[PDB]
Every structure is written in C-alpha cells, then in structure tokens.
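In the form deposited without the partner chain, a lone chain appears below as structure tokens.
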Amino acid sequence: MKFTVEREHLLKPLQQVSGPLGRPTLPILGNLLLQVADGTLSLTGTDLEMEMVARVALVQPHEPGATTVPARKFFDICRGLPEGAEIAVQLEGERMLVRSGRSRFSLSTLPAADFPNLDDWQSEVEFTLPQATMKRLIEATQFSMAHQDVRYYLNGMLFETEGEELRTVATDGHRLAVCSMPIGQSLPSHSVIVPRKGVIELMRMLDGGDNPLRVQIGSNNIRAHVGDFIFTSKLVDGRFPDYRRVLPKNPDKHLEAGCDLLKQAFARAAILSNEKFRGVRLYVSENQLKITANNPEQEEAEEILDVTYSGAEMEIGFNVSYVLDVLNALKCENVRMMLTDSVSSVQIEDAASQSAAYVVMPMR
C-alpha cells in the first residue's frame, strides 16, 4: 500500500471519518482503515454503531493494499504539516511510514482484516433532498432529545416518512419537538430511530453547499451519501412515543408575539428563577403578557409585553430553559403560543408556519 496525497485533499476526509471515534475502549477502534483500490483511497472510521467512509481520488502514483493506523495521530500529523505539503504514505509491515518534506513519521499498524465491518443490509426506502432541508429538520428538534436516559430510544431522534414529507421527532419526556418538511416525492411510511451520535454525524457531514443528500433506510440501518462521504448507522431498536398522541387537543387560546422580545424577557426573568427548577409564571390577558420569576431569596423579576390575545385571562408556570430552548430553535419573527389552561401543556409554533411545533409540560 502506497499513496501520495496533497495535505488538503486528506484533511477534511480525515476529520469526517474521525467523527465516530475521546477514549477508544480497544486499540483498533481508535484506528482508521486505509484502502487503496482501483485508483481510490478509502478512509473508514467506526465506533461499531456507525461508520463514516470517505473516498479520495488519487492522481499521483499509488499501489493497492490496506492497513489501519491511529486516527488522531494521523490526522494531527496531516493537519500540522505545512500548507500544500505532499503526504507520501507507505505500509511497511508493522509500521506505516509517512513522509513529507524532511518530516518522517512511523505509525504502528493493525491488520485491515481485523477492522470492524458493518454487516451488509438492504435499502427499503430511498429519496434525495436538499442538505438545508436535513439541517432544518435536525436543528429544529435536536435539543429536545434525551441525554443518557435509561429509556434508550429517547436518546435518539425519530425519522419518519409520510406522504410527501420527511419528519423528525425528539423528546425527553418533559418536552417535545416535531418538524415536518416536504421533499417533492411521494414516499412510503417508515419510522426509524437514529442514535444521538448518528444525528451528530449526519449534521457534521452537511457542508452547506448544493450537493444534495441521498438517504437510504432499511429495517435496521440508515445511510446518507453527500459528495464523497457515505455515512451509515445502525438504527435504535425500540418504540419512540407518538407525537400526535401528545400534542394538545383544543388549544384555541392563541397568543402571538415577537420571538425575540419574548426570548429576551424570558432570558431576563430566568436570571431570578430557582437555580435548579427554573420556573417562571405567565399571566395572559387582553393583548398583554406578564412574566414573573422568583427564587427562594424572594428576589423577583417581572416583564410586561404587548401581545396579540383575545381569550379569557389565565396563569401558568413553565421551566424557562425549555421555553428558551424552543424560542432559540425558532429563530423566526413571531411565535404562536397555543394554550388550554394552567394544567395543560402549551403548543408553540412559528406563527407564520406550522411545519414545526413544540410541546412543553407545565410545572406547578
């Protein structure tokens, strides 16, 4: 195995395939698989749950073969070499020699044949969409995912195909985000759970260009192709809860207000909320919202804002972090809060589009 590649054709690929890898439980898991074959260097990183594969074309002399070497050491070497460096690599038994200028690096190898390999699987649904759509879908809901919950499925993100739409759902038990976006193709109905780390990789591989995303989904896997990267993840086995089941029945009490005015008042109020419980109270009345927080020292914050509202007056408490998370993920001009009563969750949406909705439970 031999190749010589210019630094910058190696770097971005090396970073992408390092993404699944911290502290490797076993040595081979900290390695990348390098393969030269029919004119192409493939780089593969895995954590056993997912794989990221990069392909780099080789325009300079090369010879086939395969080995594995430490991912971070090799990345840091290529990164630290000077701009435009030629990186000449050759497998030499138990070492892989890397040379560039008068820099020389000897990396210890482990057999390519020992590198872990995701099992072959079959595609069942396929579609293409813009990267901006996939980014939109993920950033809309990602924050609502659970973090290291014993209920393993909540640590992921639900991906769901219905009619002409791709949808994401995330929840942690206390709050929910769902976001549907259309993609100009009719589709079958699959409902799959992507693991937290896969959602991060998916996001990581969107460059913000005009290469579209090809998605493939099987019973137990998901694959995304962007440009010269192929990301494949095992799917999480479980039942994600049902979003239709938890949206509010009849929240015909509608408050409309500026997203940023609301965010900043909630932000200011939160400063004097309970440090642990983060509760604030909202008083709604004709065209007016009042937000108050207090903490056990009897410090108090009050914010008054003009809003659009015709309903009966009411009063309700929310965890201000959850509201702020929602308003931060909204990044729109106006928000719609759809209330029922002081003991019922609120549904929050961009006032100008129902493509996303958020459910937050009330607190006493």
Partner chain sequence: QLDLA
Contents of the next structure:
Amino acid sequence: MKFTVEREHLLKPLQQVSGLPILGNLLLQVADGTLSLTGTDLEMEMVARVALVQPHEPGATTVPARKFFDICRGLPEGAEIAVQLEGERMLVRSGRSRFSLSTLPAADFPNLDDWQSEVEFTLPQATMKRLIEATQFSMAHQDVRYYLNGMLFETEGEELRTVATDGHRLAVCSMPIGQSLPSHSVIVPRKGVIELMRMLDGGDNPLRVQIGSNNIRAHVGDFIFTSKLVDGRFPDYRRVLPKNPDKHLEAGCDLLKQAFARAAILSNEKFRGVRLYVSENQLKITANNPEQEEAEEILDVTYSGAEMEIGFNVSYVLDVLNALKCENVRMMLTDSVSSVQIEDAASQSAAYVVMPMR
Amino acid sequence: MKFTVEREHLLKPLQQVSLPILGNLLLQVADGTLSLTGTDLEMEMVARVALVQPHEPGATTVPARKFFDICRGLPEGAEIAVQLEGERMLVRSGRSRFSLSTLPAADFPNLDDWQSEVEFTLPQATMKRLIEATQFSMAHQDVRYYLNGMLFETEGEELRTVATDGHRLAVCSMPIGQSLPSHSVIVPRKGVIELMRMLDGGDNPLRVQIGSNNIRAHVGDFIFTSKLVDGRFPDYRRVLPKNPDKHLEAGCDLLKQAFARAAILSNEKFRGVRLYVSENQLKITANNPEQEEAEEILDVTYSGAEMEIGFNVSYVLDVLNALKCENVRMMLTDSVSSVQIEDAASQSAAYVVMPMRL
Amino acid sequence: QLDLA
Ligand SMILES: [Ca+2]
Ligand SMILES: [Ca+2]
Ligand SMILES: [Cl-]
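Would you mind giving the form solved in complex with the partner chain, to go alongside the form deposited without the partner chain above?
Following is the full complex, with the preceding chain placed first.
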C-alpha cells in the first residue's frame, strides 16, 4: 500500500473519521485510485474517500487514529505526505519528517452488517443543520428511557421533522424538502446526531439520506456516515402543543433572555424555579432561594388575556431563548398547570414546549 | 450605606477582588470612595472606585459571585443603585431589583499589620514580563512547599524572578532603574497569579513593598497583599551550565513544530527525545514502548563538535512556547550536562533543562 | 416540575 497526498486533502477527511484496541485505529484502503479512511465504534461508522492523483499502490491497513491525525496536522501548510506499508509498520514521510506507526491488520477491522435502504431523500445541508440545531438541546441526558437520549427524525408529506424531549421540555422543527415521502419515524442516538451535525461543512454539497429498518446513512460530498437507530416509543409532539391557547404574549427575545438570566441568579441552584406573572402588556419574573434572596424583573410586553401566575425551570426557558436566534418571541399559554408553547414571532418552522413547575 | 454607580465602573473592580464570609466582598463607602475587598486569608485585593454621585457612608459584605453576576447581567451603561436594608443589600437598576443576603463588615477578616522594609517602583509591563517568562516552571502542590511559588530577587538595579519545580528552571532578570538592596522572597503561586492578573497593560506605575513575611503591590486603584512562603529557595546560579561553548541557533517556530511532531511518538510518561547535532544540522528522534519512531531533520546554525543529548520534550516545548520569539539559542556542553535555552536576541530570560540518557 | 403531558 502506497499513496502520496497533499496535507490539505488528508486533513479534513482524517478529522471527520477520527472523531477492542482496533477501534482506536483508522482503516486505510487504497483501491481503484481512491484512498478510503474508516472509523467506527461498532454502533456507527464514518467513511471518507480521497482521490489519488499521484502514483499509488493498492492495499489496506489500520493505524492509530489520533497519532496519525496529530502527525498530519503538525506538518506545515502545503506539505505532501507519502505513506507506505513496511513490515508491521506504516511509514509516513513529509519533507525531512519521518514517522513509523504501529498497525493492526485490516482483516481484523470490524465491518457493520449490510442492510437495505427503505426510505431515501435528499435535502440541502443547511436544512439538516437547521433541523438539528433547533432541537438538539432538548434531548435527554442519560435518561433510563433510552429513546429520549436520541432525536426523532420523522418524514410526513414532503417535510422532514426533528423532535427532541426529556420528559419536561420538548423541541420540534419541520422543514419542507420538496419530495413525496412515506410517513415514517426513526430515533437517532445522541452520538449519531453529533456526527450528522459534524459532517455539515457549510457548502453547496447537498445531503443524501438513506433509512433502513435499523440503520440510517448520510452522504455528503465524499463522506459516508452510518449509524444504528434506537428502538422504543417516542413521545408524540402533537399531544403537548397547547390545543387552543387563549393567552398570547409577545416580547423581545434578547430583553426577555437577559431578564430571565438575571432572575436565575437568585433561583434555587438545584430546582431553578422562577415565577411569571402575566398581566395586560406586562411580564414580571421573580426568583427566590433558600437563603431568602430575591430577584424581580418587570418588562413591557404585548399581552392580551386573563392575568395568571405560572412557574418554570428558568434553565429550560433560557435554553429555548438561546436557541431562538431572532428579534421577537411568542408564548402561547393555557393555565398555570399546563404547558407553554414558545416560538419565533416571525417563523413557525420550530416550536418549543415547556411544562411548568407547581 | 448607599451608592449609585455606573455598571462599567464596578465590573473591573469586582473582577479583580474576586468560611462563608470568604465568599463575600467587603464594601465600604467612605470619604467619597467605594472600597471593595476580597480575601482567602492568605492574600487580599482591595479596589477603590470614585463616587461622583450622592452617597451615604457605611459598610457590609455581600456574596461575590452573585453580586458580580447581577452587575454583569445588567445592560451596558446601567446605573446601579445600592443600599442596605435590614440583613439585606438591595440592588436596583431600571426595573430590575435584587435583595442579597449580607454578612457583617465587622466579621470580614483582616490581614495582620506589617512594616515595609524594601520598596521599588517599576513599569507594569516589566513585572508582567518577569512573571510571564517564568510562571510556567513553578511547582504545583509539591511537598517541597517553597517550590510552590516564585522567587523575587533584587540585586543591583535589577529585579529577577526564578521558578523551578525541581526538574526544570526558568529565570528572568530586568533592570528597573533604581539601586536596590540584595534581597529575595518567595511569593506563593496563587499570589503570583493574582498579581499577574492585576496588571492591566496600562500606564500606571506599579509600587512594590516587601516586608519580612508579606508583599504588597499597588497599581492605580488596586492594592494586592499576600503572605510570603516562609522557606529557603534553591540557588539558580548552581543550576546554570558553565561556559557552554556549543550554541545551536534556530527559528523558534520551526524548532517548536519539529519537537511537537516528534513528541507524538515519545514515551507518554517520560517524554524523552534525542538530539543529534552536526554542522548546521539538527536531527531529533523519538520512540515509545510500542517501538513507534519519529525523526525530524532541520537546518540550524551550528559550528561546534558533533554531539548527542536527550531532553524531556514537554519541558523543551514549554520553554519554546514561553519564548514566542523569532530565533532561539540552545547553549550546549555535552551528553551529560544540562542545556540553557534563550531568545537568541536576549539574555534576559534563561531556561535550564536537564539531560536524559535514552 | 410537572411531567410533560
Ligand atoms: Ca524513522
Ligand atoms: Ca391542560
Ligand atoms: Cl413545526
């Protein structure tokens, strides 16, 4: 196995694939004028393909991922990196820098089982980025309800939808992708969502997604990501949307966020409770803690509806406001023991639902 | 106690000055001035703020982080009105109101009074240079308690800092334009850090006052005081190699990047790398217990006899990262002697690294 | 905190 490639063509691919001892290695394969790099944890797999425009020789091996990445990253801008297999070592040469890395056999590298694609669609990279970033923060953190630790990906009509929830708060985001899709839902584990997000470079290259009965695959440029799915019965976001909200509040997002952030300082450190008092064109936020300390914020808002008092975990509210990168926010309420819906005043593409504290 | 002050006039003082009362800041309004003090019993920072607006005298203590977080969380330009009320400190700005728990000013610890025995003034940038050049070589939590800090030595017209962890050493010397008595003291590492961050890169002179067991540094509106480490520091002069007659000179960054790549395949615990020096050439090698190997060859300036030497590459990299200059000189003797490293253009900072037999 | 429902 031999190849010689410029550093700039190796870096990004190594980065992408690098994020049983053999699981700490990358599989390198030279075949048909292409270098393939694969990384896996048994649950998911990233593969990059690199065209070889210089002389090269076929073969495969496996080398330490971090060490190989760190060597290439440490080399200077515009370096050429020559690689060849010698005995049980992989030699790397650039300029007058030389390295000999340990290897494990390519035949020992684990392969995910083959599976069949049941649903396929394409979408812009920016649509996937929007879908994930809109909801990722609402996924559970190591909940014993495993399905809550991942992200629901749902197809309905011509829309792709993400849903994330931890049993207390929920995020949902739907985007049109211009293709007739089957009605279908799968749960992607948290590590899969992180990787799916990482492979979005920020360019013209559109995403091709393939879903099987137990797997999902995403193709972007010269990268292929594959993950297992999660089994379990994911919550239905439709249940938890305020059915016919009679109370509507509109306020500046940043103003609201800064007031919640200040009030949070004097909230219970563990329970994070704040109280909202809504009245005509006014919101008051209060917080107090076991040390008897007290915060009060009063803000001008646009509010029609009856006066009411409602409690929330201020962290959940702040998370939503930080996720809403916008000028004005709309909140839709029912009563003090029911969920609140929070949205961008200018877009209905994402919705956030937070259940109150008694 | 009452004062109204602009947010921005409180933030840097609060930043600098940051038993439960050790989590509080002492606030005093007297003679047109707000004073703020924080302490950990070993050291103390006092910050003074001019009070242009109406105010009333008195004193209290308030939780540092909460008060800081509230002030920081208020909008830019905000006027912050403070007053005492019962066992509470009231903070008001705009339509934001906060009631913080206080602890009595009379319970706030004082450092014992002491007499100044040696004093000098120097530019802030000079003290910043002295500390920055050596700080990284102080010990952390070593049983040899006198190494957990920095020697400050006065001799002739120069102030010198020395730091060592018993393995590697840094020394920096600067003229300060005053004739000084011969004296030296050990400043605790936490004190070095706080002194360092008190220096704002400005035109205010720094006045230093040294007592038998204490040190005080004052710059503009800030006064720092600390206990000294009551112990015997090792003599740096004994560590420096004698008349090293083999000077290698090289680009700092090129040398650093060559060591950084080679370090990847060095022993993770002991980090030994070998140097082979020859006419205008350096070769660096590294290997680890898995028998992986790195080699770097680069052009340098060198006309001495050929020789080999080993060094801890982490220590060498710490020095090169601290130097941040264009060219470095490595002053060599032989395989069984230490090396002294300096900026090729200045003898003001020097670093000693012991030899390794690999 | 109430469970989301
Ligand atoms: Ca070699
Ligand atoms: Ca209800
Ligand atoms: Cl939606």
